[PDB]
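Before any questions on binding or motion, here is one chain by itself as structure tokens, the form deposited in one PDB entry.
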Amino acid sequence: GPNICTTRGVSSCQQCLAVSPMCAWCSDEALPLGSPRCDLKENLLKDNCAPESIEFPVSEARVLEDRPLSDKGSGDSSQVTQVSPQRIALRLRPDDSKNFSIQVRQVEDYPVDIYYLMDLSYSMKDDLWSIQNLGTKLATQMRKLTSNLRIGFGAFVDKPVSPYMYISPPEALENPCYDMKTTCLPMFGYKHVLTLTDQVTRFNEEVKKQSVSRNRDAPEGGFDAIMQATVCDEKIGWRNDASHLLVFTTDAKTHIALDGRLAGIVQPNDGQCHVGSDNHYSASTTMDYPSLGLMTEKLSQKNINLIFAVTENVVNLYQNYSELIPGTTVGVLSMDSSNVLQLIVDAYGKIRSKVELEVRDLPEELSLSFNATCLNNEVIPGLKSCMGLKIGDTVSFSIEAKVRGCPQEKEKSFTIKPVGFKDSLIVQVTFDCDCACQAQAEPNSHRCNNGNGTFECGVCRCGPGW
């Protein structure tokens, strides 16, 4: 019987396919006048339509790259696969949809970078003493989780400028502890100490040479250091294919963007690296503290997982900041940093306990829907993230792409990538809105109103200019 394909009364093969994904078109010559050439594929073959002249695109989804998920992230020069498949080809006709899957594995034994960014203001004097063996003790514990560990170290106090800095008498500049009965270092904003290395005794010996400085106000300049440790890739030494842990330890409030005006500093933070060969942050006295949004932008761009390891008196503060910098972790640091080792191990587990999908470069006319399968084959519709995962766990997502109408560009591509993951799924989309018989049309056809029209797909169309 009559359906939406015929009752619409289309004028060409292209208009026929744009009615519904179920419609088809017959380009055959020997077709009755009263018989419509835009109907179901079953009705056309039922009306003696030549099978070769049947235009019927079917939306499909084939894989082009389907490397297996790796069982170990160790070894290789990062030939590791954490996302499968890696590339699929998608074909969609107007107003149609097609489904496909993606698998994501939190691979076992994946390399890890840990940069220790330590508050070295005067309040952290005892904390230095208790982390003197951390490099080797941390290597012992992380050896169970990864066989590719690199650690490094940096330190911060605050902007070495009045009023944060004591500037009288002249003796106080060389030794901010002069008016007490001790010596401490001249004030420094941020200094890089140890580039990420797998030689963990370098950590122990660098830390054993470190000492604290002293400044005037309680909020310190650690956010300056988080920025520099993030955007000075080469100097800090982050590896391309590794989890990046930035461990930020402090016991105090922090300075934030627009605080610097109390030191006459109004220039916004530029988010660029300013740590030269002397390993100190040279813009500390000329550039404002960074804002949370700017920090987030750089941490996300360098795939840095920031860990707030702070004391109980400021845990709530940093947990509240952590909610404004998504992906950040908080751990409770003891007053002498004596528990920082287990704090790092717990945070690393928490970081690798989540798989959240992200979509990049999705065309306007395309819309996606997700069904998540976490834990044990338990499907959770309308969800694109899993939690409570362990190292080695594998999750999957069912994805359906629905196109609205037909776009001008017939070939676009977008990406499905888990947050913080190296690998990704590239979906190459093709929009099949045309008919093969159009590529063999007949402009100024003798069959169409004395050359005033074009003959294509077995019908006459008004030519250009009408």
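Numbering follows the first chain given and starts at 1. In this text, rigid core is short for the largest set of C-alphas that superpose within 1.5 Å between two forms. First, how it differs from the form deposited in another entry.
With the two forms fitted on their core, the C-alpha shifts between these two forms stay under 2 Å for all of 310, 236, 340, 357 except 340. Residue 300: CA moves less than 2 Å between these two forms after rigid-core fitting.
Put the two forms on the same core and the Cα of residue 127 is off by 2 Å or more between these two forms.
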Second form
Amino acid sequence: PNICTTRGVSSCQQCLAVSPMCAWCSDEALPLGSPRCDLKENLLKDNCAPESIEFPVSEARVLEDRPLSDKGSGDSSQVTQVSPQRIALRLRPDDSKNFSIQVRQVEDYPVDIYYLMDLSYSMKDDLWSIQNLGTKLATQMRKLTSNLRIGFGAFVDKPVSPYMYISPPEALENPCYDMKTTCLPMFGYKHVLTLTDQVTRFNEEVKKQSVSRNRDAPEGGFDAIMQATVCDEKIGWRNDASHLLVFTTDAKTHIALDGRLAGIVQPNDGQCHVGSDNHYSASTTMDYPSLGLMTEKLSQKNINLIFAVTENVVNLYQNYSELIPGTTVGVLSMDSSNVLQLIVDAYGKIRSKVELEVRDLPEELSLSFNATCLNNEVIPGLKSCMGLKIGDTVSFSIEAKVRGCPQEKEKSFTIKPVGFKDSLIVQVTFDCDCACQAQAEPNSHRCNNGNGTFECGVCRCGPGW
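Now that you have shown the form deposited in one PDB entry, what about the form deposited in another entry?
If you are looking for partners or other molecules, they are not here, because only the chain is given.
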């Protein structure tokens, strides 16, 4: 005598909604006062036909189960770093089933590196850092990846007063005119070299670059970050590679709403505006982007932003870094671990975390996670890992607890690690019906002489009553 019987259910559908351990009997030859809603053991104990037992069981079998790749090299991105890739899930009202996912930080994964450069006058004594970059940037990376591409762009600020010197007329072609020197005319952002594997192309392109000059210390670097992100085709990011956007500067930065000091009040539209001339054309008619907008795009295009700034503004950018999750900072000094292996350390730091993310999760389903990082160390209520090396693997135990029974019986959601290409697709199925329902008797002769529907052994009140 349990909750199943004491609930006094009317139909098979109601019986299964009482508890996951309830069953229903559709047997015609059932005793006088035998409750049709009882344990599967109590029903068979009362001579209930085995086939008349309606007792769904929550299960969870995989569909796609490719093995995790050992090397991310070669292949046309046929690399699997999440396993399984698809599993079917079947649940009954108020029940819950568990399943496991695995993630691997694959070795020798392709890497893109677009170097975004401050070339304002203040960057005269910081040019040292990019002198022989293309080579010094391939050497330490060759140890991590066998498929690197590097590109490069530059920026100064919106070429407009008061950021720009506008007198005398000579100052427009040569902003350093009022001094004993000469520099480039001012420019907002200019793409220089598309992402390429030809390191010597990077070296030679750099050697042709030179600084400009503007009036105010903060620079328009964020404009450049936006364009380097939303101009996919031009920058040349690859569909299956780690994208690293290295932002280098020695000074503060302009932010959304600063543009108003130039008459520019139109918000940033997040669209690409770099023409065939490789220059940002909305530089003087569109405001700087907000941190929020930048985050949106960086996440959409899957770019990892690295702030390679000098020690005099390291704090400033460490603080911005915290408002733009996934962003790392490196000190651009003349003394450290190495001032431009900085990028290697940043990459290693980037691929030292594995955080799961759930997309399209139905209102009814609620998930829990038990992470297993480092060495079989289970950490309940945790869905992220930290302190990982490239090549390591982790796993998570997941449990989906459906609440009630939803209207739509066929739903599916995704569980994807942030920054990762691959993901696990969980195809859920809500089983709160009986096989005997699909073979009912509407207006049956057994039920009130046509005023009822005979299904699953009992008589139901037809539609309209």
